[PDB]
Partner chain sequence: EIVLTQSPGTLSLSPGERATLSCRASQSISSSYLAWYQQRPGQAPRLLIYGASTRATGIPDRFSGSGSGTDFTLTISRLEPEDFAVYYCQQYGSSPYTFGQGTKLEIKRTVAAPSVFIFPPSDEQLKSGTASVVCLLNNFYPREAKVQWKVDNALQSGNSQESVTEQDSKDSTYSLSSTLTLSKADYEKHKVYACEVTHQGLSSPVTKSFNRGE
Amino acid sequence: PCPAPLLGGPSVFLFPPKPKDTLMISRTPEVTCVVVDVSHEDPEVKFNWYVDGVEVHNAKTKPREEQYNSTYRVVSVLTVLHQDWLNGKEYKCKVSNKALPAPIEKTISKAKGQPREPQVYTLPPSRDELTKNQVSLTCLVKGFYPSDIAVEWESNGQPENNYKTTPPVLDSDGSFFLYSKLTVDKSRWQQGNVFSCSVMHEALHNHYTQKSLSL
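Could you put down the structure of only this chain, in the form solved without its partner chain?
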């Protein structure tokens, strides 16, 4: 297959919903079609949206905004049904503008391939780290496919957000893993506080599991 690219007009980028939005029913997932490099001379952009080739009419197009570089950017947002997205339907965005010799079409859908359930394991701090002021709580998330996932940490009630998560790494068996690291003051760990790693993924039962870790 040969690469056929295009030259000197507006460009289009189509972005998927966030994983957490498709996976928790009360959240609102969105596909986003962004048009950049719109001139002042031909600023008007038209969007047509399709879900598996059938045109839909519920998309919210925003006003155009002039960028720092003096081009216009325009964004159209389409609300998706959770089940549509997870059943693999294709969302197409078609963009029309007078500086395009023809409309630009982009298509996006959920990652293909056989899903694999994540296995989620929490690991306490190394004995050798307890000599520091701050300690590291580890959540290992392995065996998952596709790579789309959300991992978050919580402490008692609330979200703990002094953590960082690695990207997904392709493992030797063709599934993915990642690690997430929560840093907490050693006193909070030694006083018996319960820390929980929450994971959301399409191949968990109810798209959710939670593992906790205490002293």
The other form holds:
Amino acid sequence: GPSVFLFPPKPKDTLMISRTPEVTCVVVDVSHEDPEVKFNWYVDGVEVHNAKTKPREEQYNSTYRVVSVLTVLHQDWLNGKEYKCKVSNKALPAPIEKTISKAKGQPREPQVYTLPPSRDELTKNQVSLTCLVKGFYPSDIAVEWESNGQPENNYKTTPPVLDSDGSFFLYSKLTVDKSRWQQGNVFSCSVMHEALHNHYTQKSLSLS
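Switch from the form solved without its partner chain, shown above, to the form solved in complex with its partner chain and output its structure.
Below: the lone chain, stripped of partners and molecules.
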């Protein structure tokens, strides 16, 4: 039968009030014969009725995929309220209920360390700028790169990795042309986490 997966909001969306966080209830392996799917959302117990259901997206394995989105309040998610999604389809032995919430555990502030490129890498034409973020909890975090107000987009960030002391860490790699780095340009690693003041901090990296 159809499976159900429940996803949390994006970390940036819960930390920034100008953004809209939302929990996502994905239903996969929905048969062609029984496509209709009903959604029941429950916040901490009480039922809400403000969630929207996106149209079915036919997949490349002879099944449909239904998605329901429930916008959440920033405080409710961060304070640990529980979101429940009940999926009822005319082909399940019983409606499936899934539940997610914040991780529970004392939050810990992320330490941010910018790392210059290795001298051995200056042979190449592009150079790797590194941002180490370690010691934070929970794993919900957002990392970005900018250079004097302008977003640097050619970057990749590893997923959060559980560390030996219970906290999390990750690395973010920004790739810039070596000439920009040798020219003394200033790059910035913007990190967003609930344990930071104003949910924000940033560190700069520059040749000297």
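Positions refer to the first chain, counted from 1. Only the largest set of C-alpha atoms that superpose within 1.5 Å between the two forms is called the rigid core.
For the residues 107, 134, 79, 83, superposed on the rigid core between the two forms, a C-alpha shift of 2 angstroms or more shows up only at 134. Think of the chain as two rigid blocks: between the two forms, the small block swings through 13° with respect to the big one.
Superposed on the rigid core, the forms differ at residue 192: its CA is offset by 3.4 Å between the two forms. When the rigid core is fitted, residue 208 shows a C-alpha shift of 0.6 Å between the two forms. In the core-superposed comparison between the two forms, the CA atom of residue 117 travels 1.1 Å.
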